[PDB]
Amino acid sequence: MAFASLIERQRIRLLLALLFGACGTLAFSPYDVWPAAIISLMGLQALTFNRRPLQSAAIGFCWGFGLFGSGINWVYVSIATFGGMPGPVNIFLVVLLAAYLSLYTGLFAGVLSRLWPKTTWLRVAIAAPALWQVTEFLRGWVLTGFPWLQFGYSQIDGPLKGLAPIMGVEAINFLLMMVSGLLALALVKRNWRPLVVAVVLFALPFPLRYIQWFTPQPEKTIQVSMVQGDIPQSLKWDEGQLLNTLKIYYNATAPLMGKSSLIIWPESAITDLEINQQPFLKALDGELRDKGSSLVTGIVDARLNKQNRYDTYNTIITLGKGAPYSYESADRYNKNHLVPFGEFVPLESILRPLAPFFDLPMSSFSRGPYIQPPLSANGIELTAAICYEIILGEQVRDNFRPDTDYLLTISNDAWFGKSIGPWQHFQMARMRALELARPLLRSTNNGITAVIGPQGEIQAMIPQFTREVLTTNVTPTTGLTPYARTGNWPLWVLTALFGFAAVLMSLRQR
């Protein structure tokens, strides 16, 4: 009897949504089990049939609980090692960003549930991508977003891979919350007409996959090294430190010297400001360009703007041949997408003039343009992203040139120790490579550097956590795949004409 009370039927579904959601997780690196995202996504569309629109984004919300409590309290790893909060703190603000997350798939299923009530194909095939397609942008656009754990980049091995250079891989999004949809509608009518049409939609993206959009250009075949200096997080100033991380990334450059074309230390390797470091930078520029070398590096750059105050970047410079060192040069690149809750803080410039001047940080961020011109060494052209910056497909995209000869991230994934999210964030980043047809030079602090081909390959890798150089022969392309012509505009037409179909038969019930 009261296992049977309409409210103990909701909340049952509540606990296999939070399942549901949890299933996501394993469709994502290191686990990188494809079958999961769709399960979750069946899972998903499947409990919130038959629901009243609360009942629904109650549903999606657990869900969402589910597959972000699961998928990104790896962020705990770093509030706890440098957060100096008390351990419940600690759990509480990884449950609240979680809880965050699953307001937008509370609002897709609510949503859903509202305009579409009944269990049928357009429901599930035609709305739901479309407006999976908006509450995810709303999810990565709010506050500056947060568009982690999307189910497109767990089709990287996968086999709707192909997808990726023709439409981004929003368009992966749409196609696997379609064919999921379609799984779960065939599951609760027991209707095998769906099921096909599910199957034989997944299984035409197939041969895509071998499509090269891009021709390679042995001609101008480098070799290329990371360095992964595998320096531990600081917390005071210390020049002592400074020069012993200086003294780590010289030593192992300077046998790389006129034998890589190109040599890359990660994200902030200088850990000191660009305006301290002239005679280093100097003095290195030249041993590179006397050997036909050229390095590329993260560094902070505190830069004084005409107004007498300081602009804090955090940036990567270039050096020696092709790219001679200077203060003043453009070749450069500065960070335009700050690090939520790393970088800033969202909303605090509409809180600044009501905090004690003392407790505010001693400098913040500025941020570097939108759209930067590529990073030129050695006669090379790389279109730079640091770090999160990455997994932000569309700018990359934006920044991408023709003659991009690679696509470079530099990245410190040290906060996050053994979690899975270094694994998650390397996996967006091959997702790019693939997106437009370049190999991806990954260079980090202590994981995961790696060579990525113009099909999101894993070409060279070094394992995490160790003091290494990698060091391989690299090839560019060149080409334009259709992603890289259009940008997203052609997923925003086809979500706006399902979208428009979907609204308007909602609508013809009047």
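Positions refer to the first chain, counted from 1. In this text, the rigid core denotes the largest set of C-alpha atoms whose superposition between the two forms falls within 1.5 Å. Compared with the form deposited in another entry:
- Taking the core as reference between the two forms, the lone member of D403, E328, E219, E239 whose Cα moves by 2 Å or more is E239.
- After superposition on the rigid core, the Cα of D290 moves by less than 2 Å between the two forms.
- Here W192 does not count as shifted, since its C-alpha moves by less than 2 Å between the two forms after the core is aligned.
- After superposition on the rigid core, the Cα atom of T120 is displaced by less than 2 Å between the two forms.
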Second form
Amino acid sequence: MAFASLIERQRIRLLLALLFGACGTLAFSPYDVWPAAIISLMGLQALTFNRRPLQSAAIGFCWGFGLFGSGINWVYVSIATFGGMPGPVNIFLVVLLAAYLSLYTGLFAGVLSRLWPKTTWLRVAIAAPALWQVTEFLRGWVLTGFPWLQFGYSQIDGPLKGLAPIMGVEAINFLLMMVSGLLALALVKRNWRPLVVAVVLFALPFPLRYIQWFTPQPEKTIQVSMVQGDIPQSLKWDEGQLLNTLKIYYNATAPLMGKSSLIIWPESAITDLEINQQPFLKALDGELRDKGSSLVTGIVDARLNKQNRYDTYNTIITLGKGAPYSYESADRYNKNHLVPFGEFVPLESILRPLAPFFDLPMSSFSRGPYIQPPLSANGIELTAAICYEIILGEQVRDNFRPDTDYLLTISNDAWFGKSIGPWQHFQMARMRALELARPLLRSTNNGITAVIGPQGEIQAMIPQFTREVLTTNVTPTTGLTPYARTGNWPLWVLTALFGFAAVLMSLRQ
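What does the same protein look like in the form deposited in another entry, given that the last one was the form deposited in one PDB entry?
The following holds one chain only.
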């Protein structure tokens, strides 16, 4: 009829795809409508049916663009307040970045139509997840890639959460793409066949959330303090800011010495080269050890290399009891994955001059090793990720050890203001504690500071944009989750036989 004829128009499909792409942003924090992920995915899968391959790529691009345009546009805040560029280019960069991520969604759309053009059950439950896995993997890897807004993260409190400990968050990406597809097939074909699968598949891993892969150790229960310094970003790296920042963090810590055994300061909390603060660090360490407490804090460290040059690192150092401070101490962590433009400039010979966005304070850094040992503090192992690194689930898992007591992440999210970015970031961190079944301590400058439980639950948190310290009791856990023993080669073999089956079929006809 006419309604169908309207739906059939391409321009109508492009507009619908925008709304369905943007709808997905609603799935992540702070909104947390986990069904919005299924709605948004259904739109992407259904809206591409019955189209030429290049036609479908354009729909997918718009769906990605709707999702990335609505979901990661908060980047604009950090570009506007500190980027020092005119209005139009600022939004041009934000749209450019969204367009770049949209190519990966669009590419998914386009190859799916070419090889599986018939709207079949094979196309949407067997080719799409595997191809999504590949394209989404590619988005996260290319050019030191950005894997933001994966729908599996929206399932942290939803029914599929019992699945991450076994196979990781990308398995939830895989199933969500698959179950959302059978629903799309049911509608368009008005067939109850995909519907009866989609709900069993969806509900089958609901009992998984009840498996407790870990055993808690209340003997080792400790009082932990995390201090939210709330240093404004505009002043953080100002040289006149240092004394005040040191006073803020020191004054907050000294009364907790002897009460909290672990005290944590956030990323690059000490805004000075480690070698320039030896008297402070040494006296602080002595004071801590006398009271029985240990301190873990971020700091910048320029260190001489084999070729007589200096690599500056974004680093965590430990001090105090059972973690004595020394510049020669090995009890430290150097950030490995660096945020583009924020910590390094891609073409400095040409890009550093252009604008104060391409020259930001402390934006030349070197990378630490991909694998580093735990921070040891008074007998507690700490597996550490700095700021952004916590969203890289495979990397955290590879640094994870069986004797790890807590996951640790310290971050400065003051760039993004009061946007939804810090919440998306905070939500993804929660997935790591669920995947590995250990509590997570998150210390931030003004961003979401919290303790996350072994099942991904929130144990305690403090409000944003305030200068206070979170002190609570936290208890470590032991045992290894399936995902902790494997990484995600198994989802990849599933991706592999699924992908193989599909290519053979699209090769039969």
